[PDB]
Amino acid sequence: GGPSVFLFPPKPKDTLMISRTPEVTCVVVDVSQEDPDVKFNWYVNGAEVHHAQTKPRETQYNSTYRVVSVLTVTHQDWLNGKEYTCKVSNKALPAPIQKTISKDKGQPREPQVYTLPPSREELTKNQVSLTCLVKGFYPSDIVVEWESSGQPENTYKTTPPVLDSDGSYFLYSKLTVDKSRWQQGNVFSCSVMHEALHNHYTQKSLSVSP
């Protein structure tokens, strides 16, 4: 065989909100038991050591080890565009293998969010769909949630971001509720966090017309 390494960025939910600790993950996989166990190096624009913790080794049937090193990262540093490199070296490989990842390049444009009610043609069913259009943002990392009154809602789906003709991204969020629940004036809320929003968060809400 021949081990291979994958670098994984943090988590948009974990880099945008004030509750999660973001991190970069160097996954060395297909490590054979002959000449096992690896050494990482970790560079930040060509930098250094530090807070680089390697998580517990985990065995796979595949007659092999999978081992993961994790570099915790500040929110500011990741959103600035600092480039993180993990270089893996192992006696089972001819030369060390290096991987570098960063935030997606490009000027951040901000999302415009529009709440679309249900269609008058679909208002004849028992469950109807509230649409939230989130368009014109860059990069594609965003997070979208529905909330009514105060409770987060529970039966909604969000599309992947698809590259608009402009170079910005858009997506849709659909929340299906009961027509009775909609029509009673219940106020639902599409709420988004993204890099280019003021406070990294906006919320726009939608209720039935008069």
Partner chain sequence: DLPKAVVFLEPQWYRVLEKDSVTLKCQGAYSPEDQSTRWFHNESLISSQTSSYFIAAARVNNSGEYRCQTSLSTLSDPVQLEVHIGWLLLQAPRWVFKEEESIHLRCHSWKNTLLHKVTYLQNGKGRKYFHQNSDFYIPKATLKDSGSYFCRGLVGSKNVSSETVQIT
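Residue numbers count along the first chain shown, from 1. We call the rigid core the largest set of C-alpha positions that still match within 1.5 Å between the two forms. First, how it differs from the form solved in complex with its partner chain.
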The other form holds:
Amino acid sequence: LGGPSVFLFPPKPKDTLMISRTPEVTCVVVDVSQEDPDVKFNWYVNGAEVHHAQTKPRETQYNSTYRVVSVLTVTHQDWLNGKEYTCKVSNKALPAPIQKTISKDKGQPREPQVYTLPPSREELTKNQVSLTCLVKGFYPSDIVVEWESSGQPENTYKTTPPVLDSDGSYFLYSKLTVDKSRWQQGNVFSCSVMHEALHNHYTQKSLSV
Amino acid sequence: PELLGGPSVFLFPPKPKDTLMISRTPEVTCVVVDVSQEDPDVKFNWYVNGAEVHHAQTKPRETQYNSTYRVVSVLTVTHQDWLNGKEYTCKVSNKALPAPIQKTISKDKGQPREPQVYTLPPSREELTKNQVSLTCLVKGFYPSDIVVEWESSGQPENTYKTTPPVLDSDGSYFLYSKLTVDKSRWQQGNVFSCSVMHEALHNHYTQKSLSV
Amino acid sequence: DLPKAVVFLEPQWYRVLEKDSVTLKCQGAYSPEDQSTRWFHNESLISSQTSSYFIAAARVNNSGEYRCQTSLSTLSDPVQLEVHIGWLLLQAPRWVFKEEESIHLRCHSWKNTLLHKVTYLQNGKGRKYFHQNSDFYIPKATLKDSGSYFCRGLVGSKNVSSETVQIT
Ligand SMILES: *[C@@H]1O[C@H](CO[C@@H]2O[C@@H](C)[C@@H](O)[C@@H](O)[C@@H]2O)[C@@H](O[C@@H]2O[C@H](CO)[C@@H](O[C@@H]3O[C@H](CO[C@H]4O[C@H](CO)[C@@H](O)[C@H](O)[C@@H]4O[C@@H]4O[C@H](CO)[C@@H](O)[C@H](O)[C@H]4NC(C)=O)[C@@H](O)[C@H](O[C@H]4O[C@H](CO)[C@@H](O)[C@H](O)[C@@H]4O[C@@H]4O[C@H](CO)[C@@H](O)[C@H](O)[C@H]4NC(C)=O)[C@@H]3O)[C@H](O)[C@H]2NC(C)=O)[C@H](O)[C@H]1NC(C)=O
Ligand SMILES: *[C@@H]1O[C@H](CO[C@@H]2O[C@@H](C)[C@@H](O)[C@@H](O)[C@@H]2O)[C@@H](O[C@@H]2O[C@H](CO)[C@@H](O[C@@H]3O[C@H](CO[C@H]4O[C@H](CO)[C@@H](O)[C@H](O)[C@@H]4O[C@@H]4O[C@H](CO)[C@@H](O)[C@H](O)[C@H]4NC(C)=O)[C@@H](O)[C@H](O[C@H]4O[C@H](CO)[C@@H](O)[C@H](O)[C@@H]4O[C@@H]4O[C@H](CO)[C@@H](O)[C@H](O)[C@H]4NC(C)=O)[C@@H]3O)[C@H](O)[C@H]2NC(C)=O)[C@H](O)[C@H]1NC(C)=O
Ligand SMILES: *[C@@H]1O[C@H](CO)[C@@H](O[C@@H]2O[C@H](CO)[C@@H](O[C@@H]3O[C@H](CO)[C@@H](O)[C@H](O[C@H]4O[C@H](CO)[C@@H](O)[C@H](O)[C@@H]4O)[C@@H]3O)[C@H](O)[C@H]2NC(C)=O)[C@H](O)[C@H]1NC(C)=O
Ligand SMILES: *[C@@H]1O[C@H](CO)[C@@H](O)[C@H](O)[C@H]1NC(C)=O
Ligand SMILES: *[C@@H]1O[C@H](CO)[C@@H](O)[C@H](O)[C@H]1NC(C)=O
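To complete the pair, please output the form solved in complex with its partner chain; the form deposited without its partner chain was given just before.
Every component of the complex follows; first up is the chain already shown.
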């Protein structure tokens, strides 16, 4: 049969990595009726009901159905150590509470070495050149590849989704477009990645010519 | 076991290597799943804008795991009938469905430009290792379904693993391929090639090989 | 002239499904001494003979326009019958609704199949969601309806929608 449905989502990596953005794990109840609502979240963190569970209102959805979201503020360390977080919801529509649990990719890590390729000499024929940031064999999928210029960000880049290599490690190529005028003047462009297997969770190489 | 509720149908296109290259048999496939204890039968009807069912030859029902006899049937295509842009429909019908469900796939539309193909060499700092990574950047094409292969003169290494096409900032796709070979072959002095197959490519082939 | 007979829809939905069952009734006379109803399909004559037409499996060659008339009761008036085929079906009593009345919408299934997570929409946006299958009684006309009203469900795992119906 059917009823309300729960979706447990992990923190977005840039939050958990880099101590400056609190990391939250959002629990989303969906298809929650208007008659028969009142959803009760029973949060669990490695065996502790943890009553800092901050929930939210009843969201208004085209399909009349309601949608409730509750964010639990997490710790940067407790996520990475491997504590298992867990949502348990009940509603008079559910004849047995629906519980689902998550806890970060539990598997043996690896380091991402960050190599940085340059434009091909023919591309310098085009109107804008493409700078490549290679990120070889790492673990796990979560990662934060980003480009920067001189001082602050560059947002003219598109990054390949993580691929699975022959050994079981994840590589990914980011790429960023730039004015041939801007690349030939000699501005230095730095590629910064953030993974849970890099001391201080932050390596960053640089490219020029 | 089962639980039932009304069968389903999935239609997949032909593999690009079979479309962009001749004397390859390219195909359209009708995967029908979730038939059950009712023993729902075959009945497959393929169309191009109304058509004949000669390229058909349904297979045998196979259940494997979950006790729902998978049924599949595959339709052969001319490499030229694709690409220009036909349609191809299924209309499969089961004695446990209201009205025969049907799906069509056709080709992707849209202006196809030719894929550029740049070739990138091992990173400066990547030479401090027994294994380097040759990189091939295929940027600027449209119809995603592209083929990328590597080779050394006349041998095909499965060393490479390639990124799936990723949408760029102008509707064109770009991808990356990585080939990890022992440095020796690199510095030693070999020539490695990145062949690219795209309907927007002269003879559907271009390779921008590289060496030190 | 004499009293008109009337056709009664059992149930009250003039939209059916290629496997749903309808039964038609006729009151007008009750043919005092001896009953007989004479039934009319698309302007013709069925040999039903009883006071009730029995349509177990509805199937297109069963739609059209219907009429009846017992041992008196003149001749019945024209009642329409549609027979769509599909999964969902937004059944209704009638569709002409002005001023202000009360509507009793139904999101029918097919071969009495269950329908999880049912929704009713107002020419796009929904208005009343239900977890299990039930009708959508709306009382006291909204004064702003009159857009395409359809419903969507879940027949096991299949994502099924309904063919639209315009009300006013
Ligand atoms: C009524 O309407 C509401 C909402 O309206 C609509 O909402 C969306 C869908 C749009 O269409 C809007 O235009 C519109 O307003 C409906 O609510 C929706 O219900 C569906 C399911 O019924 C949900 O789908 C699920 O989505 C999750 C992921 O959802 C993220 O990504 C969505 C698209 O990118 C996005 O819309 C979501 O909001 C959410 O976005 C993320 O949010 C977090 C939290 O803030 C944020 O940090 C993220 O950054 C953000 N994402 C991004 C990219 O930024 C999806 O994962 C679910 O898939 C699981 O389940 C599937 C079903 O089996 C399965 O196929 C998948 O593989 C996956 O399965 C699980 O995967 C893992 C790995 O194995 C594991 O846990 C399980 O083993 C596995 N299997 C199962 C069974 O769990 C799923 O598809 C929508 O999210 C939800 N919309 C919401 C919540 O906003 C509602 O259904 C409507 N009802 C009716 C009756 O009409
Ligand atoms: C009972 O029996 C089997 C059990 O097999 C099971 O297989 C997997 C799933 C595991 O769970 C195993 O443990 C288990 O044994 C089930 O049969 C399968 O059922 C699933 C879902 O019901 C189907 O999944 C669909 O798969 C397509 C893609 O399918 C290709 O790739 C799969 C891997 O990605 C592969 O498994 C398939 O075999 C198939 O592979 C292709 O095979 C052909 C020939 O065999 C070959 O020529 C191709 O080259 C090859 N392709 C590749 C890449 O290798 C996937 O696309 C479907 O997604 C649709 O549905 C989603 C949710 O509805 C939706 O989000 C998607 O967008 C998509 O929906 C469509 O989307 C587009 C637009 O967005 C559009 O077409 C439509 O609008 C929309 N809807 C539809 C209907 O098309 C989907 O995930 C399997 O194909 C199927 N058969 C298999 C695996 O052989 C069965 O489900 C079991 N019962 C239950 C209850 O689970
Ligand atoms: C009383 O009148 C009603 C109408 O007022 C009438 O209902 C009609 O019956 C016919 C009989 O089939 C239906 O015709 C179908 O029309 C659809 C369009 O929706 C077509 O797609 C169909 O074509 C198929 O049928 C042929 C035979 O299977 C195939 O050879 C052909 O290739 C197609 O596959 C089909 O012709 C019609 O939809 C209904 N409804 C109407 C017209 O509103 C009813 O039959 C009359 N009473 C009696 C006793 O017949
Ligand atoms: C029943 O349907 C078929 C479909 O065209 C038709 O040949 C036949 O005449 C129909 N029966 C009647 C009574 O109309
Ligand atoms: C499937 O049904 C849902 C309603 O639950 C609807 O929002 C969605 O549009 C349907 N599928 C697709 C592919 O749109």
